Amino acid sequence: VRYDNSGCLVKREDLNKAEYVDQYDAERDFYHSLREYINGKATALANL
Amino acid sequence: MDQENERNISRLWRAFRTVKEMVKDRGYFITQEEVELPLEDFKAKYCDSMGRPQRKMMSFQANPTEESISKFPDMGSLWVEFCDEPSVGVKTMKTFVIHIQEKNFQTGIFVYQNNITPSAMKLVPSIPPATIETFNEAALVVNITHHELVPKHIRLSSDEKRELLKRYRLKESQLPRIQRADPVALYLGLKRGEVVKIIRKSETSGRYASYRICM
Amino acid sequence: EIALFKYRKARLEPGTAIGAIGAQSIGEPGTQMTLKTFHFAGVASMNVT
Amino acid sequence: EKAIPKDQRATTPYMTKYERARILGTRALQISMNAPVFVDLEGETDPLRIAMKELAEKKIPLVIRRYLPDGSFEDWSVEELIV
Amino acid sequence: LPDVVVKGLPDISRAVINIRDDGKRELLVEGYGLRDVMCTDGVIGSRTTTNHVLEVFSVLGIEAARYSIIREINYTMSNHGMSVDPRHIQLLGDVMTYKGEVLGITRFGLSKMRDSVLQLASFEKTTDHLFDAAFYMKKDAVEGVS
Amino acid sequence: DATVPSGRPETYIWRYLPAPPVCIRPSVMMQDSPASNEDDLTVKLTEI
Amino acid sequence: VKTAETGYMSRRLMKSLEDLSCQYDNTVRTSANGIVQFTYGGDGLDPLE
Amino acid sequence: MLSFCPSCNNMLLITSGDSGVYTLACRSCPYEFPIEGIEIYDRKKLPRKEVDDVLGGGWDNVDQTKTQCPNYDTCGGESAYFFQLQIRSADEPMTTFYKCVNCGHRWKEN
Amino acid sequence: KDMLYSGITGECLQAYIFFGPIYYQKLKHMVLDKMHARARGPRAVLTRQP
RNA sequence: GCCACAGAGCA
DNA sequence: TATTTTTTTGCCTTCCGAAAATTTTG
DNA sequence: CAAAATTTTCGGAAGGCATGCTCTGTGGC
Ligand SMILES: [Zn+2]
Ligand SMILES: [Zn+2]
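For the protein sequence lines, the chains are Z, L, W, U, H, R, G, D and P, in the order given.
Just add 974 to the spot in the first sequence (first one is 1) and you have the authors' numbering.
Take the second sequence: its position 34, counted from the start at 1, is 34 in the authors' numbering, and no numbers get skipped.
Just add 1071 to the spot in the third sequence (first one is 1) and you have the authors' numbering.
Just add 70 to the spot in the fourth sequence (first one is 1) and you have the authors' numbering.
Just add 1266 to the spot in the fifth sequence (first one is 1) and you have the authors' numbering.
Just add 244 to the spot in the sixth sequence (first one is 1) and you have the authors' numbering.
Just add 876 to the spot in the seventh sequence (first one is 1) and you have the authors' numbering.
Take the eighth sequence: its position 96, counted from the start at 1, is 96 in the authors' numbering, and no numbers get skipped.
Just add 1000 to the spot in the ninth sequence (first one is 1) and you have the authors' numbering.
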């Protein structure tokens, strides 16, 4: 979960702002890259 | 003369642009359309009839924004002034200090032209509840926060600082330090004990947050 | 499962003397650095060190 | 008062290499001083290999006290840690 | 008299226009006036860099100095093809620039970074450090490795 | 630090010189039995 | 002749970097319990793994 | 000034004297050279190297304009070659170079 | 390049072997004067170290 | 035995 | 006793008059 | 306002420092 600097939850409309960068962004980037790789394989299968 | 007049006009116009961006970045209310003031409007509004820089007219005052005063309840209006004197004398600097003290401004920005004398430099601690910051026009030609090397610095409030100290379970002397009189710290107007959050972009991982404390 | 297992074992283990590892990983390549004279992008008069 | 309860443990559940080395050294030192063993040793005489066999099927009576920088610690059973 | 400077920056030895592979032209100079170059008309001040790191620290700040350290060390390693992981370089850059300024890995730098007495005494200037510790009566906690 | 009795400036001026133990400045035996070479600290102490 | 400079540089780097370690809260700290990095390399990943 | 006394071939130095007028006096022997009404000068001709015309060749096959040259008292040429160049920041106007086709004297307007 | 038979298997080697006399020098550095082992032994009078 | 000096080995 | 050579190079900070610059008196 | 005290700057001199381990032989008190 993404928390702001104050210590409360962050709204969905501003999740990607610079001021809300946490220490868990590396894990989120890894999960996004893994999902993108799996989606690329599925896209190749769908295209063929 | 083109070299004596037009170059100085463009130089001081870029300095005004940088000062506007600085005051906007501190949380004060400057509208967006005011920052992109073109050189023609600058000549038509702030210059003389026959083409001279009128540095006395271009001094102004800025008030804090509603979100800024929500985050920082102690923030007050500032007064920014441009000194017409080439070298700063004690009399002009004492006049600036007297004006700041009399008008009850929380802080003041003093933009000098060439050099500042040591005796006039001793008067920035003179006001006890207000802080006077000095800047050079040659240092304000281009904005350092727009440089590709300088990452994003965001000043944290007291509540956010306490939340950070509670999260990492540390005392304020254990954080990495950032000096005052650092150019970015001068840009943000950091005080002692203020915590700045730095958004670093590394090609290895991406965006990650570091923290520094002003000393 | 393989990707997640590799990710969890790639984290820095607590207690690691990572400063000494970095110091050695910087100092050791200096031994194999033989002499070479470099130039700054097609200019044969600059000779950056 | 510095002991974090078992429910709110935040450190990693995996055994680091340093924890493995320290546990093996401690158990070998204990066996070298005539401590009882909990494995069916097949003619082994070196304490280190007996300690390795003990760690192989998690039959070692020690816990790791991981000290956070603030001062609070964290007790992890060796059989609970994943190796 | 004929050795005075009537135009140009006082610390710039020379300047060369370099035409890169893309065809765009960059003005690369030898000198120490980063601020005056990036303030000069016709030069984009948001993209002007220097290999010198204390110059970048004086002009732009401490984080720019850290990036300059990392980029310069990485470039030096990559020119020889030594293939050093950049995280070690980041650790070195953070260690150099976590006290608010660029210290440097020297006797003078360690004399400011480290408050331990026996670690500094075992490196260089043993007697001076020991006598300064005795005079200033500083307490040395046994927490470091040395 | 003046809270301890040893924290005075006059402590940093030589009035009493602590003569070191001979276990840290031992007399080195030579190949000749009657004569034993002495450390430089002992000779300097005698000179003092 | 390069061995002298390499050895002195390695000695300096290790005397400056020996005290650092990765604590159990994934923050790189010095021996005096002061943070150099909040997360190692921005992501907390071992170059060895 | 590098001049030597004819009597002893020693260095001549310029002295103000009591009268306030400079004289080429020799401090070794009684010799003076008055310079009232005579201008003595030593010229150090600095070396001049060839420089390429950085604006040269840019006025060929370009459009013309009807702008009077600044030297109106000497000539009245109106047609002049002109072109544009960006040597400043992108937020300030592009500068304009003009060359008169009769008298030369190339000038940049703004 | 000669054709050699291996002494272990007896078969012909599948490559011609470069075979002939070369002058060799025996250097003074022999392992009999380099091998050393201590365990416990003499100690210095000052530092009480080996 | 102490102290310097000199040469030699491995990148 | 008083003739009389060097035998690495580069970098660094602290100290300290000297001089330049600025402030301060009369 | 110009003398006069004060502060800052700018040079030149003075110390400090420069890979690791290992093996012999010779000389002098
Ligand atoms: Zn003469
Ligand atoms: Zn004309």
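What the hints contain is simulated information worked out from the structure, not anything from laboratory work.
Accuracy of the hints is not assured; some may be wrong.
Which residues of chain H face chain W? A few of them, derived with a C-beta cut under 8 Å, are [stated by the list, open to error]: (1) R1286; (2) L1293; (3) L1294; (4) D1302; (5) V1303; (6) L1320; (7) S1324; (8) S1344; (9) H1346; (10) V1350; (11) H1354; (12) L1357; (13) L1358.
Coverage of chain G stretches by chain W, computed from C-beta distances (three or more under 8 Å per stretch; other residues unrestricted) [said to hold, decoys possible]: (14) 879-887; (15) 899-909; (16) 915-923.
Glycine included, every Cβ here is placed at the ideal spot set by N, Cα and C.
Hints breached by this structure: Checked against the structure, the hints that fail are numbers 2, 4, 5, 6, 7 and 8, while the rest are satisfied.
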